[PDB]
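Peer 1: Using the sequences and the hints given, assemble the complete structure.
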Amino acid sequence: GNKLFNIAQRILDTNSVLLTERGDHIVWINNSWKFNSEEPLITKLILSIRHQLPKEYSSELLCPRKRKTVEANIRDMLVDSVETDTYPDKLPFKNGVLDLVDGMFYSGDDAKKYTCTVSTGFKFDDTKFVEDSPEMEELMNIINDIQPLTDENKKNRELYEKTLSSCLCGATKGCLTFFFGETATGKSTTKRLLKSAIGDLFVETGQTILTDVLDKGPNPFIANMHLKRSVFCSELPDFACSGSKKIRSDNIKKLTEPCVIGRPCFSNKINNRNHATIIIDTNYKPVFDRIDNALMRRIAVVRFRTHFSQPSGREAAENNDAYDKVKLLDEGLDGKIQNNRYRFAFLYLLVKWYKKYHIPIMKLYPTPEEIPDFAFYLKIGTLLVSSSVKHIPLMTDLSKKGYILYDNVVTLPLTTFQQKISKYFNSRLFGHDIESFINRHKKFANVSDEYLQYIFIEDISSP
Amino acid sequence: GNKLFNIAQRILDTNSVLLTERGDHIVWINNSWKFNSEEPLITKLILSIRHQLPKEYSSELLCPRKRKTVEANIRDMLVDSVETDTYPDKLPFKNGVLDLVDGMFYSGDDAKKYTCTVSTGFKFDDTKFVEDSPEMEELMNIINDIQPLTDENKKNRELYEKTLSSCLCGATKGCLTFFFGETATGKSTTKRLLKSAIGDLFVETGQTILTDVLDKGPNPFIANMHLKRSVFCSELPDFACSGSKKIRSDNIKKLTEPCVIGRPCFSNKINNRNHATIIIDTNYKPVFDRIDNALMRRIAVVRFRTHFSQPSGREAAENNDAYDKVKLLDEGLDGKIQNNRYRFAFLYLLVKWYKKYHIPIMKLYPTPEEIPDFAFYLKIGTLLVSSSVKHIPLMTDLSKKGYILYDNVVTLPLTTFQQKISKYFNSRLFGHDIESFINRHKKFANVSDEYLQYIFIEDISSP
Amino acid sequence: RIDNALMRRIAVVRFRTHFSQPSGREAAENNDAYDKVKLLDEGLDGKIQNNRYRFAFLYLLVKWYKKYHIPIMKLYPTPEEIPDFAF
DNA sequence: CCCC
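One line per chain: the protein sequences are A, C and B, in this order. Residues 323 to 785 in the authors' numbering are what the first sequence lists, from first letter to last. Residues 323 to 785 in the authors' numbering are what the second sequence lists, from first letter to last. Residues 612 to 698 in the authors' numbering are what the third sequence lists, from first letter to last.
Mixed in with the good hints there might be a few duds.
Claimed, not checked - Within a straight-line C-alpha distance of at most 27 Å, the following computed DSS-like cross-link-like pairs (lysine-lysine) qualify:
(1) A:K538 / C:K538
(2) A:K513 / C:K674
(3) A:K712 / A:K742
(4) C:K390 / A:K325
(5) A:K538 / C:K567
(6) A:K356 / C:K607
(7) C:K685 / C:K723
(8) C:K576 / A:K388
(9) C:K576 / A:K538
(10) C:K476 / C:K356
(11) A:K742 / A:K701
(12) A:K591 / C:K476
(13) C:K658 / B:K685
(14) A:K356 / C:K576
(15) A:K513 / C:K567
(16) C:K674 / C:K476
What the hints contain is simulated information worked out from the structure, not anything from laboratory work.
Peer 2: What follows is the structure in structure tokens.
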């Protein structure tokens with residue numbers, strides 16, 4: 323009864339067509355989940371799958387009208403939706419899915435279970451995924467040159483390893499890492515190595531991501547971040563030199579939220595998935611227009627203190643404190659990298675680092691202590707704290723400090739506040755941040771006389 | 323079974339229809355690969371190929387319904403995508419492909435391997451593609467007149483025919499070229515000669531691709547530059563008079579990238595390859611909004627200094643600085659050029675120039691010296707270097723130079739910088755340049771005081 | 612902006628004959644701009660709109676073209692008839 | 001798509 327309905331039933335039982343929340347159908351032809359908005363591929367799937375059906379069913383699929391009828395039945399059979407790209411522990415290649423937690427490579431129906439849509443763009447070879455090869459030794463030497471293995475560099479090396487390993491996992495990342503370094507220090511070597519390692523999943527973005535309005539009008543620089551697993555910002559137009567817009571804290575906050583606000587061109591949709599690790603390259607100390615408790619909770623830094631400079635200007639990179647170590651430049655490294663010689667060696671190193679840091683939950687951690695910009699706001703947390711349980715039954719001692727009691731609230735004259743705050747830190751070295759805080763957190767008991775609803779830790783610590 | 327499926331299988335086995343990565347169906351009719359979105363050619367290919375199928379199959383291809391059925395089968399059979407236009411040293415013609423590195427002309431299945439989907443639009447003629455001819459002498463005379471072979475015109479002529487010969491290369495170029503010069507000098511004659519020589523691979527586009535947003539809405543002014551080996555946006559809107567929008571350096575940077583963003587109407591293909599040698603006709607020096615070292619490496623300029631005028635205006639041309647040679651105008655030259663008389667002669671000229679410049683790699687080189695706008699940044703780059711690792715055991719002597727030591731980082735105050743750098747540039751003519759430099763380079767120690775993290779080369783060289 | 616490129620593509624042809632009703636004859640004749648004053652034709656617009664002069668003007672244009680048909684047809688600028696170009 |  324209705325042979326074509328039975329053909330549709332079998333093609334449905336093979337689980338080769340799925341319906342997504344976008345309304346599109348993702349089909350499995352040629353060992354990959356494909357979909358196309360302007361041209362469905364269900365009839366291509368029917369023609370390709372005609373081989374697995376019984377002998378009497380294969381002849382009915384050589385007519386375009388019958389394949390269109392089968393496609394109509396299949397479309398009317400799909401009601402429930404599914405989810406795509408939900409396994410962050412899997413790396414999708416062009417001919418399979420690699421498992422980071424195990425190391426084995428799956429192909430065909432073994433890669434079919436994970437509904438992976440994006441891909442790295444190149445095939446996977448088992449021969450090059452080995453730990454004994456002169457590409458491996460050369461890459462290890464290069465990485466040791468980039469990051470010294472000294473006891474002083476232990477924390478920096480560890481966090482560099484963690485950050486580079488976290489470019490494989492396909493989930494949201496809660497921090498933005500600063501690859502602080504200088505010219506000819508090897509951050510470009512890391513960029514090229516990572517691009518060669520993860521293929522099409524690596525995208526490089528300019529300054530517009532950092533200090534420009536993300537929403538504004540049209541902005542393709544954000545929509546490209548959809549499902550990419552690494553985002554790189556380079557050639558930063560220094561904010562230390564005046565004339566450039568400061569880093570927008572709201573931009574960093576939006577880029578850390580699991581959903582990214584941003585729209586493509588000629589697109590009716592606004593939401594695009596965010597799995598990207600965002601690493602910022604800089605030769606220069608960063609700055610922020612506004613700084614809030616939520617901000618320095620999403621910032622970590624890596625410092626590169628090794629040079630590869632030509633012998634002509636060696637003392638030019640040797641005779642000051644800013645940059646510490648100087649090695650010899652290598653010229654053929656860029657050509658060898660572009661020839662993708664160490665791609666699989668770097669892939670093996672990345673998987674090894676992930677396995678070393680695959681503790682049950684993967685999570686990046688911020689280290690705001692290494693940014694002098696926050697060094698004024700991470701110390702004022704040790705200086706100023708807000709109102710808490712009970713200062714009321716101790717007003718006898720704070721009165722002599724200059725504090726005044728107003729409607730059962732302890733306030734402070736501005737001059738007395740400055741006098742109490744000037745003791746721990748210099749009024750000139752930190753003076754700009756000082757009067758910035760003064761004008762930022764001043765409360766008006768009136769227009770003329772200003773008061774503050776804060777008491778120092780000093781006044782709390784000192785009886 | 324299903325005769326029409328067998329016909330589709332045979333037409334697929336002949337390897338005449340391919341699916342491109344952009345989604346276009348390219349067909350092989352009349353010894354060339356053609357694709358057209360609005361008038362698909364698969365049915366034309368079926369009708370033309372009907373002569374190679376057996377006698378029993380050729381009679382079914384005279385009905386449009388059966389041809390549409392065969393086209394449906396073919397469309398369902400093409401799953402994988404191929405790579406096109408990957409050979410950068412092949413000049414495609416209407417009846418074959420000419421090898422530039424050898425000079426041999428291919429046709430048929432020999433030219434089928436190179437999937438060149440663009441063509442000059444005219445057929446190749448070996449008899450006219452010869453070294454000796456009266457047309458050859460005439461054309462050589464005109465080219466000698468436009469650019470003389472004098473020793474004062476050696477480098478300029480060399481850049482002229484290097485840029486002209488690069489128009490045959492099907493690969494992305496790194497620089498933009500402005501033909502600067504006065505009217506009645508040969509820019510239009512050179513443009514029309516090149517147009518006649520290289521056929522449809524030549525495109526004249528608008529001023530939009532320079533000063534307007536490239537994304538915008540549908541932009542046919544960029545979607546037509548797909549795989550075009552030369553692009554001529556002439557008639558620069560001279561910016562000397564206020565009211566002309568300056569060319570955005572962002573657009574210059576984007577044009578060099580091997581892809582551009584642009585969509586045609588009623589279509590969804592947004593990626594266009596960039597094989598173009600951007601040549602901009604002008605009579606005045608171009609001016610950009612922002613000038614930096616990134617733009618410094620992407621500008622090339624060629625000049626024309628030979629006049630062609632009627633006998634009445636001969637004396638004025640003889641009495642001008644702008645012109646180094648005066649010749650009587652040829653009245654029918656434009657007509658004979660439009661008649662495509664010098665087509666193959668100029669083709670041979672360009673091919674010989676390409677062979678003469680045929681190093682295994684063909685890279686274009688920029689000319690920074692010949693731009694008045696670029697004079698300021700060039701001299702500055704030879705005077706200062708950034709704060710480097712050269713300056714701990716030199717703080718003893720730079721203190722007398724005005725520099726101060728802040729956290730072992732050498733900085734210069736604004737007044738000292740002014741009184742040390744004013745000796746190389748004057749205040750009046752370079753007033754805006756100096757003001758922009760000092761405000762885009764200034765760094766603040768606090769709100770009031772400011773300094774510079776820059777040291778001149780002379781101070782570093784000085785002990 | 613005026614340059615040598617703009618000076619090679621501009622030509623000017625001047626008109627000085629005035630047509631007016633008899634009421635405004637003297638006022639027109641008291642002006643240097645006009646060298647000749649003639650009487651207006653009222654049905655001229657209608658007979659022109661009726662395509663009456665079609666083939667006559669076609670023959671006139673063909674005769675003028677044949678008179679000026681040297682093997683190449685080229686238009687020549689007249690830079691001397693513009694005050695802005697004088698400098 | 002133009003059009004705002």
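Peer 1: Run every hint past the structure and note whether it holds.
Peer 2: Hints, verified against the model:
no.	hint	in the structure
1	A:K538 / C:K538	holds, 14 Å
2	A:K513 / C:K674	violated, 41 Å
3	A:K712 / A:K742	holds, 22 Å
4	C:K390 / A:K325	holds, 25 Å
5	A:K538 / C:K567	holds, 22 Å
6	A:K356 / C:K607	violated, 50 Å
7	C:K685 / C:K723	violated, 44 Å
8	C:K576 / A:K388	violated, 48 Å
9	C:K576 / A:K538	holds, 20 Å
10	C:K476 / C:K356	violated, 42 Å
11	A:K742 / A:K701	holds, 15 Å
12	A:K591 / C:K476	violated, 57 Å
13	C:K658 / B:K685	holds, 14 Å
14	A:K356 / C:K576	violated, 30 Å
15	A:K513 / C:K567	violated, 36 Å
16	C:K674 / C:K476	holds, 18 Å
In summary, the structure is inconsistent with hints 2, 6, 7, 8, 10, 12, 14, 15 from the numbered list given earlier, while agreeing with the others.
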